[PDB]
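Participant: Okay, here's what each chain looks like letter by letter:
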Amino acid sequence: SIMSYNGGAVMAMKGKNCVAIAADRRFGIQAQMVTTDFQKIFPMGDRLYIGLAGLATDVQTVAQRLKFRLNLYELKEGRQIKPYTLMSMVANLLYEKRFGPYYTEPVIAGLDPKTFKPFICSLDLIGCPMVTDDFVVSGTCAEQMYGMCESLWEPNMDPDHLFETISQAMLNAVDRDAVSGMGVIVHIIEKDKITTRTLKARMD
Amino acid sequence: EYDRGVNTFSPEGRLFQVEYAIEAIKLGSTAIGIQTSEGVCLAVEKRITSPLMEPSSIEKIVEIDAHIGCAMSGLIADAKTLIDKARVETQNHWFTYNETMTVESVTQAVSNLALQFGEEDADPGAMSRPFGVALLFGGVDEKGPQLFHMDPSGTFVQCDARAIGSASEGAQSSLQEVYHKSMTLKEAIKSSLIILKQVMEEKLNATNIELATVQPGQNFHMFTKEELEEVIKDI
Amino acid sequence: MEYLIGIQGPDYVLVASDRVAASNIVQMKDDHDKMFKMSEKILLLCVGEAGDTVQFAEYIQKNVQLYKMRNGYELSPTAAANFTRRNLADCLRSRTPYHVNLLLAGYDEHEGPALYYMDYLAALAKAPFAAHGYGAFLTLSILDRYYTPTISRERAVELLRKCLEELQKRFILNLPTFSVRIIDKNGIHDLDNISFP
Amino acid sequence: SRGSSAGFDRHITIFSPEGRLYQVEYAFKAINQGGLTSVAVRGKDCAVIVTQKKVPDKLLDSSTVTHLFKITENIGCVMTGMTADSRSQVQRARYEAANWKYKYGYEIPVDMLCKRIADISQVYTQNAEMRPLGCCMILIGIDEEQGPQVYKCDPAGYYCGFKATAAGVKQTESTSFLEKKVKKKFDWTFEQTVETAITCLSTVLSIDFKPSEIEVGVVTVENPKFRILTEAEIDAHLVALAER
Amino acid sequence: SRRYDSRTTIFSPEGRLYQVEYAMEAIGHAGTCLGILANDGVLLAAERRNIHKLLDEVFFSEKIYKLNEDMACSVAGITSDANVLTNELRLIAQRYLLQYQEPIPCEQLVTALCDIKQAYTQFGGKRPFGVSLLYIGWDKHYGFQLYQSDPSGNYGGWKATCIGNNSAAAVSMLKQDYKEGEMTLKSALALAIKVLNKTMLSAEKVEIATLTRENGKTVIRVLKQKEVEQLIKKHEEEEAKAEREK
Amino acid sequence: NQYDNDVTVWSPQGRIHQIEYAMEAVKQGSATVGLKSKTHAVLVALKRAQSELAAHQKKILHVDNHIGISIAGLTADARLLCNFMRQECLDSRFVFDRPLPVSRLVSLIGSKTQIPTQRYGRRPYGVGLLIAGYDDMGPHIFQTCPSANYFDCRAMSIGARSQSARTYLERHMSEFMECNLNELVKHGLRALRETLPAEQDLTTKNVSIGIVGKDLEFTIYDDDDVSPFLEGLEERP
Amino acid sequence: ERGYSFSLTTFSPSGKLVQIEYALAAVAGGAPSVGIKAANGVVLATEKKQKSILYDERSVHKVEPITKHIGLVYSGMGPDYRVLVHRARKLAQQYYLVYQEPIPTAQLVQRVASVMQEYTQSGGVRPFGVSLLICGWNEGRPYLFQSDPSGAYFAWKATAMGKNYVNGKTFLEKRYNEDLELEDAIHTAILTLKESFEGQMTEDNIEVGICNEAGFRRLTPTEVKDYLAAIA
Amino acid sequence: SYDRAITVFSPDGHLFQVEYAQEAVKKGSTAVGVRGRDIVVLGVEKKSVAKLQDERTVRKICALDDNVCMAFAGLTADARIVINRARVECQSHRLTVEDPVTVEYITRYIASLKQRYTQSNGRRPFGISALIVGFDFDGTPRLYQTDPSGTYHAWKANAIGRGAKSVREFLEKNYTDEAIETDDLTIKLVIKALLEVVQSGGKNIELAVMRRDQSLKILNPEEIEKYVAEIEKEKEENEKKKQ
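Chains as they are written, first to last, in PDB author numbering: chain J, 2 to 205; chain E, 7 to 241; chain K, 1 to 197; chain A, 2 to 245; chain C, 2 to 201, 206 to 251; chain F, 4 to 240; chain B, 3 to 234; chain D, 2 to 244.
Same shape as in the complex, but just chain J:
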């Protein structure tokens, strides 16, 4: 209920040599929409992104503290962070608040900085990590997204097919959730480029 206060939904999906991460755009308070361009996906590297759903204040605080820690890590180590290490860092951050937890459930999607291997994972609000080989989802419409992804996801999708799959999953899932939607943003992460798109979506 606390995490339904602002609504929202993020999803990540694995292709052949690419990953996709998508999020709804609505920022509202309970039933009232406030903005339709609220950022929920944050870059953490050239080919590494974290999407955060849940309470908007905790979304922003966690993104900022994670950027703090990641910046210090990359200065001290002199290298880009690997996706698994970022997952561990986020897990540690969230578990530090084990009894005062941040109300957000991150998803991570990226490519290995040296091998460009797809990686996705999800974390619960106290930082339990779950690495999967097909897709992860977070937010108020998790059941809808699970249905869509379980039905549409296929192994070894090329970037265009991955885009269509994640886009259809997100659009149809959020169309059945009152407090998620007002647009969808998708990032396709490949070896050579990042493609960002905003979809034609219902605005009710």
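By construction, these hints were calculated from the structure, which means they are not laboratory data. It cannot be assumed that every hint is accurate.
[Claimed, not checked] Once the Cα atoms are required to be at most 27 Å apart in a straight line, the calculated DSS-like pairs of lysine-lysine come out as:
#1 C/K141 to D/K52
#2 J/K115 to C/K222
#3 C/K229 to J/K115
#4 B/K51 to A/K182
#5 C/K176 to D/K204
#6 D/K52 to D/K27
#7 D/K27 to D/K204
#8 D/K28 to C/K176
#9 B/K53 to A/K185
#10 A/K186 to B/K51
#11 E/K231 to D/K157
#12 C/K141 to J/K77
#13 D/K218 to D/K189
#14 B/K53 to A/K182
#15 D/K48 to D/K227
#16 F/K50 to F/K30
#17 K/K68 to C/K141
#18 C/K199 to C/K238
[To be verified] Among chain C residues calculated to face chain B with C-beta under 7 Å, some are:
#19 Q20
#20 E26
#21 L55
#22 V59
#23 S81
#24 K127
#25 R128
For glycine and all other residues, C-beta sits at the position ideal for the given N, C-alpha and C.
Chain J is fixed; fit chains E, K, A, C, F, B and D onto it per the hints.
Facilitator: Just chains E, K, A, C, F, B and D, lined up with the frame of chain J:
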């Protein structure tokens, strides 16, 4: 030097730091308090060091409370903490008991800070050394007018007339020569100004001295330049 | 409940707030100012709990002015908004949270006008227009209806008047007068109060 | 240089120009102030500690004058040097062993106990406000895997396991004697180990011991519990030594 | 204990702080670092002292540290002290970014670190940090900037400056060679090579970092051996022509 | 020398010079005498005037209805100790609803003043105390020293030239137990007068008295209240 | 007591931290140690001479593992080294707990050097009287580092520490070669030790550890015996 | 923490650490303040003008609030610490009293900070002296001076730093009701006072003015050069009058 701690006794039974702080008192500008039946009069040489300085910024007599004033001598910057403690003390007393603190009680509360210095087993905020200032608290309580002297050692005593500072020797001898218990406040003011004029180096005028009085009727009162001029004219 | 409204134009930001301070059923003040000048080009509008509002707003004001004194240049509106959000969020889980809802209006010489919306949970959102209070429920749709990005300041004031007249017509609370201010490259200007006798 | 000094390097544990810690060396010298000597010998399935016992005053209660201490039921020690420093160290070792059992559920190995005590000592050598303890500890016990164990720690924080070792005034001569003995052979029986320890002490002191002039403590693989011998057993060993 | 206390943070009879002066003496012998400000960028050039043949290279550079997206520094003096201070600098920058969500202006970072140094000179009874730093950075308030700080906590901005070994001679050269407001990155690099040649060159003995702006973004780059060799050769032939002309 | 600046440094003779210097601090102070009979305890303090226009420094202080003290030495340390003693007596009355026995108060003073004599950077208290009390065991005179030692005395004198007073007290102590209050105070005054130089004499200005007893709470007599006790005093030799 | 709050290491008028130089003198008086970074691993070797045969030479080790992939050796004072080993193991575990990944060798070296620096400025302590050689393997790469009493660290291809380390460094310069394999590196390290060794070397006189892809491990006396027989 | 007593009395009743801090102050570059009728002027010797230095970053005149500014002489880093504390205090006073600080108030605060550092364990005194100028809310110009010992006074005109004795003697001979009748003459008095000590010309001088109701205004080198030229004209004309 640092060969000794600040809490080291000398072979003669005195704390070195306290004796040095008393030596520091002996470098202050001269102040004189006189206690009479009609009130207490405090006076102090301002010691203007340059004509570009503003004499009004030299505060050597301060109001502790409506019925208590304090003259000071020595390292004046050190006196600020003691003055603030005295002021807070009188206001705490008024808050708790709905009455005015006696001069002796205020003097006692201030003197309780004199030896509260040290290095080891001392939390931050602890004083590292004694205060290098001597104070004359003049006031009026139920027991009439009262003049008290406190020095860096924490010893405080009631006095009929006392001189502190650099010229305190000659000033004290003259005070002994002139003081009687029946003298009036006007007489005391005139005598104190005469002694100050004598022991001062610069010519005594209305700008280079400070004079305050406390009376049973009036509160602590600092003489203005015109009142000072009137008193000085008859000298 | 108090009312705040902000409308961002191409080269200005217009803000307005009701001027009522109430205790229980009585209006104790009818010329109450809810706008805090953070700096030459930044205003903070704050509503909420009786004590929290002024305590938080003046703390932010002190720290922003201190930044200016220390560094010789002012905080940008975005930096000020994020500093405000950080403080509010850090107090959110602490012993003494502040129940305040804010609009931050500003003008940056290089980034143009900015309007930020913050709720008491310390969620920050840049918006072209925003409103706080129960009255926001009755006015946000009017702004959505009539707002355009290239709205001129005169037309923006007309739109604000439409919103305030809707509050007069429909809102159950007595809100007869509003403070109105505009921030542009030349700083903060007070406009005439919008009043309904 | 040689024996050069700068600043306060002779009063506190700061490096001398040669990189030495003079206060640690002085603590080693303090070890000899007691005037006593102890020897420890490791056998095949036993470890033995012998030590001088001195009671110049007949008014002393001889039972209370000892340098052998139980640290745990299976770990015993002989302390050499300043007596009160030694007692404080024994208290610390007992605390460390009890805490180890409480935290990890098995008895502390002798090597680990010696390491812990040595680490405490090392701390004394790097912080200037306290002095090192002027004592040396020799521990014996049976490790289920390594067999009998003799370990020694000193005021420098340095520790080591030993086949045989000595501490105190006659440390060097004791070590020479034991070096010859271990060179000739090392696979000793319990009686052989006890007799070797006793002979080391007697030769370095040049005394022939009455039972009451020495103290003996033993651990054996058969009875790993640390045991302090009685004057009867000691006299039996002394007679079995004299006859040969 | 009073007897063993060094009394690091006390005045001397002439109003001097001896530990600070001795720390500056230590910096005077360290490797030479020089900073030069140009219109289109700012450069640091540092003399490498770790020049043994068996040393391995594993890091971004020996004496130049990136502090944040827009700022880097070079350090002369005690190496481990420098590591402490660079970590503190990075922490200060990240704290500012967390609070304001903008990069810290360069002078604010320098002032924040100098406050720590000054604190070490005034209380606590600890020895001061034996480090001088050159900072290069870019921000939106003042553009390209070059600062210098010393163990006393004093700092200043410069158009060109030098710390470490032979810093006085390098400063004289810069005084007679720097064209205020008329410096490019290319001529700045040429001047740095000349100055390092005088106060000492070969490619493996110097590390050079440049800071520039490209597409509204800050680029901090350590010149590779190829570029430094080319710069040294260009200086050598320039000097050959200058000699021949005379 | 190297042994005479800190309380934590034993000298090669087994002495602690700082404590002896604090003893000197006490020996500088003005004389005070304490004595007792079977029913009363009396303190008589010679007060000094720093100047002929200044009041004489108070030497006798209240601690509790049944306990008063006379101080000799640093007066600020005296005030610290007096405040501690007052608080101890208040704690006793608060917890047990009974007056604190005098000997227990003295033991507490001993512990408090011994603590600093063993810690680096601390100094001994620079005051000696005469403690007059009355409790279930009768009247008591105690003497406490900067060394933190305390003594239970039939009579005592401390301060400058107090040896003369001690001589008188040793001579006359046989008579104190069977003395009435007036004779007891007169003996105290003669002992105190023995400390005076020839020129000086006991008056109503430089003498203060303190009396405690079975039916008499600790009372301090100053100024003209001393005249009744001085009236019967003969002329000194 | 509580510890002294003032630093025992302060600047001299010449600008030197003389206590650090004295700790380095202590290091230079230590037993010789050698590190060689090969193409496919690192070798740490150290003289391990006991004062007498009574010492159970196999009871205390000079070559210690910090993590599966990181080991270290020292020259200087043994007890100080034990302190630093304990700190290094703790630091590595803390890194692993946060990042769920074995700490990189450079990061471990930086943290340990930070501790060593702290002991040159904190109140009432002396610097550590040891120099460390840290070997590691990560990112398919070997790493050899040296960390000094001052807290300064350097990356080496090959180096020598302890008594006679200048001659050892000259010898390593002559013999070392980037292309040589791990076994050749072990031979070269043992030869470097032989240069400054007194008496005959046995598998019980020296200690050797090796780090490669499999991890760091102390060599056994039998393996060292084989390498010594080969060396002759 | 570290709790040694640093500032202690010496046998003659002197605090040597305070005296040594005052020596440090006497090593600083000269700073001069003049209290005019509608203007307060601060000048500072910009000693050792390095052509490569960015002058903006080493200014010894600074603002504490809108109505109070400060110049200093002594250890620059200590001055930075004190200035930051004073700025925080000025903002706190605005917060709690809902009005600007008087010049005397913040002067008292700074002097109290300094005195505290002469009587607390483990700290040395601040090695700076400060001239604090401003306008009270009622319009009165104010010039105060503080020194390391924590004492402070109000002045009509004053100097600190090296050569403050000669500058003060010059100001004694030159501070008149006529000499401060106009802002130009106040500024020229400050410039002349600095010229009596400065090595050469107005190149080595930084000047700031505060006028009633306005914020701190730094004089750019062109304005300073024009004023110096006027001063040289006046000097030449008056010397020609004398001859």
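Participant: Quick one: which hint numbers does this structure break? Sort them smallest to largest.
Facilitator: Violated hints: none at all, because every hint is consistent with the structure.
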